[PDB]
Every structure is written in structure tokens, then in C-alpha cells.
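2 protein chains.
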Amino acid sequence: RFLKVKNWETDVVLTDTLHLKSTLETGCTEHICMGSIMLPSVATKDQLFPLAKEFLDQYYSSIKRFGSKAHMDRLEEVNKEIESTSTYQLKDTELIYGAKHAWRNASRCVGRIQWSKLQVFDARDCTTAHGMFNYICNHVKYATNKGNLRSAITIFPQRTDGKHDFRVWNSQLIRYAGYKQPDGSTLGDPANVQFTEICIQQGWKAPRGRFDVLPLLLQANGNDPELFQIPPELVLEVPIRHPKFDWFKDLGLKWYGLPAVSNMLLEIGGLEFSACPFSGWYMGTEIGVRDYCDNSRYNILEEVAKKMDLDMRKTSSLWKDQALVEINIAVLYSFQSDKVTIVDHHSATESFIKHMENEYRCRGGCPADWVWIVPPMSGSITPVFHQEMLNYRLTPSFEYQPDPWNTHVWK
Amino acid sequence: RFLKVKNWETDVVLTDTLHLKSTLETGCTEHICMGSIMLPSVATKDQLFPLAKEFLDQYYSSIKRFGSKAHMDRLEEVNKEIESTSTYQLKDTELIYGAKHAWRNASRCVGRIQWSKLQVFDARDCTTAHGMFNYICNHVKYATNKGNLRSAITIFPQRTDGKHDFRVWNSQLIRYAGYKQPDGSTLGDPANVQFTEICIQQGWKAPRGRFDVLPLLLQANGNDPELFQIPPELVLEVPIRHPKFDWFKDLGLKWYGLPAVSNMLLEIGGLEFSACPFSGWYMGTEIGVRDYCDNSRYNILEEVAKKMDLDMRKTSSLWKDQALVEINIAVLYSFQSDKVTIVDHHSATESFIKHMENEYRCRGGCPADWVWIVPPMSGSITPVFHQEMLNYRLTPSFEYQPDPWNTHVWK
Ligand code: HEM
Ligand code: HEM
Ligand SMILES: N=C(Nc1ccc(CCNCc2cccc(NC(=N)c3nccs3)c2)cc1)c1nccs1
Ligand SMILES: N=C(Nc1ccc(CCNCc2cccc(NC(=N)c3nccs3)c2)cc1)c1nccs1
Ligand SMILES: C[C@H](O)[C@H](O)[C@H]1CNc2nc(N)[nH]c(=O)c2N1
Ligand SMILES: C[C@H](O)[C@H](O)[C@H]1CNc2nc(N)[nH]c(=O)c2N1
Ligand SMILES: [Zn+2]
Numbered sequence: 299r300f301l302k303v304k305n306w307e308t309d310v311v312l313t314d315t316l317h318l319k320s321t322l323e324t325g326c327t328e329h330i331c332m333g334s335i336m337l338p339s348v349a350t351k352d353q354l355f356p357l358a359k360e361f362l363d364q365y366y367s368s369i370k371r372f373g374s375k376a377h378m379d380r381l382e383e384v385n386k387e388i389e390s391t392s393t394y395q396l397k398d399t400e401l402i403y404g405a406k407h408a409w410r411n412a413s414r415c416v417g418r419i420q421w422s423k424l425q426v427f428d429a430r431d432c433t434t435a436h437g438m439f440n441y442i443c444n445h446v447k448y449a450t451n452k453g454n455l456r457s458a459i460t461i462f463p464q465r466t467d468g469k470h471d472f473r474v475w476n477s478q479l480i481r482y483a484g485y486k487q488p489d490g491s492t493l494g495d496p497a498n499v500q501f502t503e504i505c506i507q508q509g510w511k512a513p514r515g516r517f518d519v520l521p522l523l524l525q526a527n528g529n530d531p532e533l534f535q536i537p538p539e540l541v542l543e544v545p546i547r548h549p550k551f552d553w554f555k556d557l558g559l560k561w562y563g564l565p566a567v568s569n570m571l572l573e574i575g576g577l578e579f580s581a582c583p584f585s586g587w588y589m590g591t592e593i594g595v596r597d598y599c600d601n602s603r604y605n606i607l608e609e610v611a612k613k614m615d616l617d618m619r620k621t622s623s624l625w626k627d628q629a630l631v632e633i634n635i636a637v638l639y640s641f642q643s644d645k646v647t648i649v650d651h652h653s654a655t656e657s658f659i660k661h662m663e664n665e666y667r668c669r670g671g672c673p674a675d676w677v678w679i680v681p682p683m684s685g686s687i688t689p690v691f692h693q694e695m696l697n698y699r700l701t702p703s704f705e706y707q708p709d710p711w712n713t714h715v716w717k
Numbered sequence: 299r300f301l302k303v304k305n306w307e308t309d310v311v312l313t314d315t316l317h318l319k320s321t322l323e324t325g326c327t328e329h330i331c332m333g334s335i336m337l338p339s348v349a350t351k352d353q354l355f356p357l358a359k360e361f362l363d364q365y366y367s368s369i370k371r372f373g374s375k376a377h378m379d380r381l382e383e384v385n386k387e388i389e390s391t392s393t394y395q396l397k398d399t400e401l402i403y404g405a406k407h408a409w410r411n412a413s414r415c416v417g418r419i420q421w422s423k424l425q426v427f428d429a430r431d432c433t434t435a436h437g438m439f440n441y442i443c444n445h446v447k448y449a450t451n452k453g454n455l456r457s458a459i460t461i462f463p464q465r466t467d468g469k470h471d472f473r474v475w476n477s478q479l480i481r482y483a484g485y486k487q488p489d490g491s492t493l494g495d496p497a498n499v500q501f502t503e504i505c506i507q508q509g510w511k512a513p514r515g516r517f518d519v520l521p522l523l524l525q526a527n528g529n530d531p532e533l534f535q536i537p538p539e540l541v542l543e544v545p546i547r548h549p550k551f552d553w554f555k556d557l558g559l560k561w562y563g564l565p566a567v568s569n570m571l572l573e574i575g576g577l578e579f580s581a582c583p584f585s586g587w588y589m590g591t592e593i594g595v596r597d598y599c600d601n602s603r604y605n606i607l608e609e610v611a612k613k614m615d616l617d618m619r620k621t622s623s624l625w626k627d628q629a630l631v632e633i634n635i636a637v638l639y640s641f642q643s644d645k646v647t648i649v650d651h652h653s654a655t656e657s658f659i660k661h662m663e664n665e666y667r668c669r670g671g672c673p674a675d676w677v678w679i680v681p682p683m684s685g686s687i688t689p690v691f692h693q694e695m696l697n698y699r700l701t702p703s704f705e706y707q708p709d710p711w712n713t714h715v716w717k
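Same order as they appear, the protein sequences are chains A and B.
Counting with full-length UniProt numbering, you get residues 299 to 339, 348 to 717 for the letters of the first sequence.
Counting with full-length UniProt numbering, you get residues 299 to 339, 348 to 717 for the letters of the second sequence.
These are computed hints drawn from the structure, not numbers from a lab.
Heads up, some of the hints might be wrong.
Chain copies aren't distinguished; within one or between two, either way the pair holds.
Unchecked claim - With a straight-line cut-off of 27 Å between C-alpha atoms, the simulated DSSO-like cross-links for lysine-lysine are:
{"#": "1", "residue 1": "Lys626", "residue 2": "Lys370"}
{"#": "2", "residue 1": "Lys486", "residue 2": "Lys626"}
{"#": "3", "residue 1": "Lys560", "residue 2": "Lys620"}
{"#": "4", "residue 1": "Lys486", "residue 2": "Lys304"}
{"#": "5", "residue 1": "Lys555", "residue 2": "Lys645"}
{"#": "6", "residue 1": "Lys452", "residue 2": "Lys620"}
{"#": "7", "residue 1": "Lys550", "residue 2": "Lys613"}
{"#": "8", "residue 1": "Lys626", "residue 2": "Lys660"}
{"#": "9", "residue 1": "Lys304", "residue 2": "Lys626"}
{"#": "10", "residue 1": "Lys423", "residue 2": "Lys620"}
{"#": "11", "residue 1": "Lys447", "residue 2": "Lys319"}
{"#": "12", "residue 1": "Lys375", "residue 2": "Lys351"}
{"#": "13", "residue 1": "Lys620", "residue 2": "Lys645"}
{"#": "14", "residue 1": "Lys660", "residue 2": "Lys620"}
{"#": "15", "residue 1": "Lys555", "residue 2": "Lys626"}
{"#": "16", "residue 1": "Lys612", "residue 2": "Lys550"}
Generate coordinates for the entire structure from the input sequences, incorporating the hints supplied.
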């Protein structure tokens, strides 16, 4: 009931008691581990108050007023509001605390050493798609900060009955279109082919090219979603060059500077924020390994290896591995030379170990998903590979949610 | 109760029912996933018969005689022997079946497409350390097969009371010594510094160099263990060269051809084989990534990157990654050019996906430990990265066991 996690490169042993405060379930049982399953698996007024009290108890505990008068009054205040409306409203402080701790609790996030430096934009007064566009544009501008990227989240009104949901239909605020071809192939980003066509459906005029920034499909108060084009001046992009290979420019690669996830659900004190786009900055491998080299994405290992004059006949020449490293040197160099914030997997994973030490010390643990914390290349030459991590679900949290077009009663 | 595992690079969905036959526990619970914990966690006559019946039921099921007469007679035969001796003895057939299915069931093993091509050497007649030496030498010779490596296991007598244990004290039949220095550093292999000194304790005359093949410390029928030197002609080694870089020979690296794990416990039908060295062949990354580049092992990234004239100032130059790929190209090339069996992580992981398809089809599932199946480099450009895997414990199995020197009543 006081579990030990060991690092097998440093022999450092940490004791986890934070998992006792864990609430939701993992998918694993005593007889089957599901730690590599990608997606493991209205709310009534009765269930709502324990969730609110639990959250308020940790909130007031964190500002050194657990069990105090202001705590008990707010406890009764929220209870009374849950009796009346069968929901309640967070204080601006509680909202900022909740968001930061959702990030703090995201066991799949290697970036969490930054969890308390988070800019929270309260968009709970938003009522229309245009207001969402406006809030999102200001989020992009702020977070991007001329390349000195700043972490931020924008929080649209919480779910109520379920039929009045705020949703950003994009998976990320900024992402490249994907179109299939006549010859059945794919131009742009295969990840977003379905979404790219939904925009064409709702009325997008697609410039059927490669790195075409998709419009925003924004759903406000449950209404049908509406298209908006982010001002191109708000969309910072990095042309990808290599510090040694000058043909690398000929590759004509580029990526956007701001990773801003928009399809996830923020849960705070039993309250559900179905539109909560959050952004930080990229770890290089996200672009150079997954975005550029997944077979189901841009899949550029073919071309890079060609131009490097690599033995592509035998699988065992490791030509894929060799081209993979060159690609990630190029992403890092291009972002850094352009003064666009980026972190390499070595710096980010070292920081996560240091983050883990902090959390075990000042918090009793750090929920952590090894399958996701270890980078998609060079696993064991990073310190997280050798770090045992206990995964468990703490709240506040970021949750997955259905794509809105699979659930939305249209019109 | 009929779980689905998905591949997110092919969209292939497999249905697992084999996990229903799972028996032992995983370490995970509904509230905490331990899938990245490295080591998760006498036997009486009462517990022994269900374990034997369970094993015999799958054995006779596999030779198309489940519930037949020979099955029931052997069931009664084993029951009667467990009544008499409070243990029992496997038939040679049952022993070969059990070993193969222990390998088949090893969820951390990416090599299991070969699980049924396994040479089982019955050493249950062995009584002394010298007999162990003899059996082990024949295992080495057979398995090595002039470089056309052949998988094999040698199975010494099963545990009885507990104080009469056969143990190979080496972690692997073939491994390099590790000695600390006067300046507190380490020569050879830091992994085996403790074991290397135990041999010096029991009487080894160490040639205090780098790639010094350790002697065998063999414990027979619970007696104190005894040193034996494997004939050097039985120890096939590969000098590590690169197909492009001729300074790579100057590195003077070499590794042994035969990975042969000797410290694990084979469980068959509740019976415990505490000395069961098994060998196959290497996946390249084992040597080139872990053996050569773990900070706690040979740790050669420093030197390789130096000789490649790599920007070692910044962490973000990915100089570690770049030297890592060169090292693994060199291991593969050296083994292949020497006609010593080796598999690259691309071929081995593709084979494991194909192995998984077979097992889900003809067996209802394949227990698989993603944390261990995904190679220590180039994770996501291999197909296992994108393969959801359910981990669960099937028997027969290979189990970890204490190091014998922490448990052995000496003299
Ligand atoms: C500040 C720099 C940050 C870095 C370097 C970083 C890094 C990462 C990376 C590499 C992943 C893996 C995602 C993938 O492979 O698809 C991830 C996941 C995640 N990040 Fe962070 N992140 C940062 C900021 C944030 C912020 C500000 C939040 C929330 C406010 C956040 C919440 C999450 C969540 C919830 C996940 C899990 C997503 C999932 O399960 O699919 N991250 N992060
Ligand atoms: C024939 C070619 C084989 C290949 C390419 C292969 C590959 C591997 C690799 C790369 C690992 C990870 C080990 C580590 O990283 O330390 C592993 C683990 C393992 N292998 Fe296989 N192996 C082969 C044969 C065998 C055989 C013949 C057996 C048993 C008879 C076996 C049983 C196991 C077990 C039990 C583990 C898990 C060890 C642990 O949990 O520490 N393997 N294998
Ligand atoms: N779609 C697929 N599955 C799939 C399902 C779910 C997911 C969730 C991925 N969340 C994206 C994400 C989440 C969190 C962080 C990042 N990055 C970042 N630095 C940041 N953003 C914002 C702040 S930091 C990116 C990803 C993939 C497929 N894969 C292959 C063929 S289909
Ligand atoms: N000792 C450490 N922990 C640790 C604890 C336990 C283990 C178990 C590793 N089983 C070695 C092994 C097992 C199975 C396969 C291989 N390979 C092979 N191809 C084959 N052999 C035989 C047939 S195939 C190798 C490994 C490491 C440390 N790591 C860093 C600092 S300490
Ligand atoms: C099957 C497996 O769970 C899936 O590929 C996961 C593996 N680990 C990952 N880790 C990160 N950071 N991101 C991912 O998309 C994935 N994908
Ligand atoms: C902490 C973590 O469980 C540990 O480093 C594991 C990770 N995955 C591994 N995978 C393999 N094949 N071999 C290993 O030794 C390890 N080590
Ligand atoms: Zn688990």
C-alpha cells in the first residue's frame, strides 16, 4: 500500500503513496495488464457533490486552508448550488487550480515539470462560435509569443445537460489538411483526411496542397459547428533545414510551432469542460519521428534515406534508423535557429525524471505512463526508459472524448 | 471478457480469449498499472495436483487426446505419484512440450515466432557440478552450431525440498567479467562486477581485462557451487567492425554470439526447474544499444561519437542518437559478415506481429509485454510500437528467481 518505483540506471528508489488518492480505474486487473491499450475504459446531481467536495478538499488543502471556515462555507455554497441547479460553478481560482492539476496529473505527458506555469484563459462567458474563434485566436497569439512559446489553456463553458456542448472539432487548433488522391494515395497529413473532408462538407474551400492549415470547426452551446480561418499571421511555421545536408531544404518540409490539443475533455470537481484547447511546445520527436515518419502519416523515411544515399535494399542496414536521426536533428536545428521553443527528447526526459523526484518528495508520487513517456526513438539512451513508473488516474484530469461528429445531433 | 487489441498502423483488430486461461497475477490492479515495474510480484502436495492436472489437460489437448484414456491414466498416474512422493516426474514428451510453451508464453520475448523450434536437452539425470559443466558445454556447442545458431534449453533436475537445488550462478552461460578499478571506475562489464568477484572469491584467477569470459559457477543438488572454464573453442565471438568507418575496428569491440540465459526458473505443471539455461540468438539492439550504450554497462557512446567528429557540446545535436545507429549497423554487419545468426529489430518485430496474428488465430491470443517487446531504439518505426498488446501470465512459464548467493545456505 506504499509502493516502490526504482530507476535501474541510477538505483534511485522512490516510494509512492499518492496512488492511494487515486480514484478512477486503469483498465488493468490483477490478471491482465492493459498498459499498452491506446484508449482504455450527463452526470447526476447525486454523483456530483462527492466529486466537488473531493476537489474542494484538495483545493483548500493546497492554499493551506483545509477544513477552515472559507473551506466549509464554499463546501456548503457548492452543495447548495448543486441542490438548486444540479451543477455548480468554479471560482476563477478553482478553475486555474483545476486546470494546472489536470496537466499535473496527465500521466502520458512528459512535459509536466512546467505544470504550474500555465496560463488559464477563462472562456466560460463564451456563447457563440465567433466568440470561440476570438478566444482561440487570442490563445494562439498569446501561447505562440513570437516563438517564445508559453503554455496556455482556454476553457469554454462546462457541459450542462449534454445537448449544449462546446466543442472544438479540430483535434488540434493548428493542423495540416489531408486529402486522398485520384490514385488512392494521400496528400498532406493522412491523420486528418476525415476531418479535412468534414470541413469541405460544412463548406471549406480546400487549397488541396500539403501543409494547408485547416480551418477551425467550432461548436458553441450545442449548435451546429461553424468554419473559421485562423489569421495566417497568427500561425507560426518553421521551415525544416539540416545543419549539414543542404538538400534537406529541397525536402521542403515545414511544421507549425504550436502544438495545441483541442479534442480532449477537462474534468474538474465532477464538472466537464468539453472544449478546453491547451498548448505547450513540441518535443522534437513528435514532429521528426511520429509526424514525419509514421507509416500512416507523412512517411518521409523513403525520401530522406534516398537523398542520404543509403543502402535501402536490406532491412538490416538500419537505413530507416539512420534517416530517422537526421530528420530529428533537422527539426531541432530548424526550430532553435528560428528561436521557436522546442525541447529534445534528452532534455525533456531528464526533466521528467527531475519532475518525478519533485512529485514523489512534495506530493507522494507522480502518475506516469511509461508506454507514452519513453520517446519514440532512442528509448534506452534516455533516463525515462530505465525509470519504473506507476500509472494511476488522479483527478482533475484530461480525458479523451468521442469525436463530436459521431455524437452530435445535427441539423 | 473477450478483449480487443488494435494495431494503430494497420487498423488490424484481434480478439483475445486466451487471457481467460490466464492464471497468475500481473501486479496491476483496477487502480494502478505496474506494466513498467521490472520485477513484479517448497510447494506442498495439495497445491501440486491442480497444477499438474491443468498442465496435463493442455498437454493432452495439444496432442488431440483430451479426456481420452491415456490422458485419464496419466492423470491418475501423476495423482498417485503426487500422493506417494508429494511430487512427480514429467514424461520426456511432457518436458519438451512444457519448455516450448514456457517460451511460447514469455510475454517479454519478441523472438517467439520460433517457439516450437526448440531443442530440449534433458539433464534431469545430472547429479554433480561436473555433469552440469558437461551438459552446458554440449548445449553451447549444439546451440552455437558454427554460427548457424539453434535454440536450445538444458533442463537440470527439478526442485524437491528446496535445499537440493540445481542452480547455474551465472546470469548467462557466456558473459564478460566486470572489475572495478583503483580509481573506482570499471573495466569489462559493470553488470557482472558482483558475480565476477564471487568467482574470484570461490577461486577464479581473473585475467582482469575487458572481454574476459567468466567461468561457470555450477551448483548441483544443493551443494556449494564449483568453477568451470568453458573451452574457449566453444565460445564463438564476433569482432565488431563497421561497413563504412574503418576506425571502428580500432574501437576493438567484440561480443559473444550466443545469448544463453541461465538464472531463470522454468515452471511446468507446478514443477520447478531452477537450472534451465536456454539460448537463442541475439537481436542486434541487445548488444548495440543496451550492452554497449547503457550508462551502467559498457557505455561507449562517448567514444563512438568522438571518432565520428560529432557535436557533443549540445544535448540537442542528437549526437548520442547518431552514434547509437552507427553502433547497431556495426553489430549487425559484423555478425552477418561472420555468418553468426543475428536479427535486426525491424525483422524481429515484424516477425512478432506475424507471430501475434498466428497466436490470436490458432490460440485465441498472445500474451505480450509492450514495455519489453518494443526495441530500445527506433521504437515507432517498428510495427510493435503501434501494436496494442495484452499482457497476462500463462503457464508453463519462465520465472525470475533470487540470485543463489542471496539464498544458499553455504559451507
Ligand atoms: C510545455 C511543454 C509540453 C511538452 C514538451 C509536452 C510533451 C508531451 C508529449 C511529447 C506528449 C505525448 C503526446 C503524443 O505523443 O501524442 C504529451 C501528452 C500530453 N500532454 Fe503534454 N506537453 C507539454 C505541455 C502540456 C500542457 C500545457 C498540457 C495541458 C494543459 C499537457 C497535457 C498533456 C496531456 C493530457 C497529454 C496526454 C494526451 C493523450 O493521452 O493523448 N501537456 N505531452
Ligand atoms: C530464437 C531467437 C530469440 C530471440 C531473437 C529472442 C529475443 C528476446 C529479446 C530481445 C528479449 C529481451 C531480453 C532483454 O532485453 O534483456 C527476450 C526475452 C526473453 N526471452 Fe527471448 N529470444 C529468443 C529465444 C528465446 C528462447 C529460445 C527462450 C526460452 C526457451 C526465450 C525466452 C525468453 C524469456 C523468458 C524472456 C524474458 C526474460 C525476462 O523477463 O527478463 N527466448 N527475448
Ligand atoms: N490517431 C491515431 N491514434 C491516436 C489517438 C489519440 C491520440 C492522442 C494524441 N494527442 C495529441 C497530443 C496530446 C498532447 C500533447 C501533444 N503534443 C504536445 N507537445 C502538446 N500539445 C499541447 C500541449 S503540449 C499532442 C494520438 C493518436 C493514429 N496513429 C496512427 C494512425 S492513427
Ligand atoms: N541488471 C539489471 N536489471 C535487469 C534485471 C533483469 C534482467 C533480465 C534480462 N534477461 C536477459 C535476457 C533474457 C532473455 C533473452 C535475452 N536475450 C536473448 N536474445 C536470449 N537469451 C536466451 C535466448 S534468447 C536476454 C535484465 C536486467 C540492470 N540494468 C541496468 C543496470 S542494472
Ligand atoms: C499501441 C501503443 O499503445 C500506441 O502505439 C502508443 C504507444 N506509445 C505512444 N506514446 C506516445 N507518446 N504517443 C503515442 O501515440 C503512442 N502510441
Ligand atoms: C523501467 C523499465 O521497466 C525497464 O527499464 C525495462 C524497460 N523495458 C525493457 N525492455 C527490454 N527488452 N529489456 C529491458 O531490460 C527493459 N528494461
Ligand atoms: Zn497494467
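**Prompt:** So which of those numbered hints doesn't the model satisfy?
**Reply:** Structure breaks hints 1, 11.
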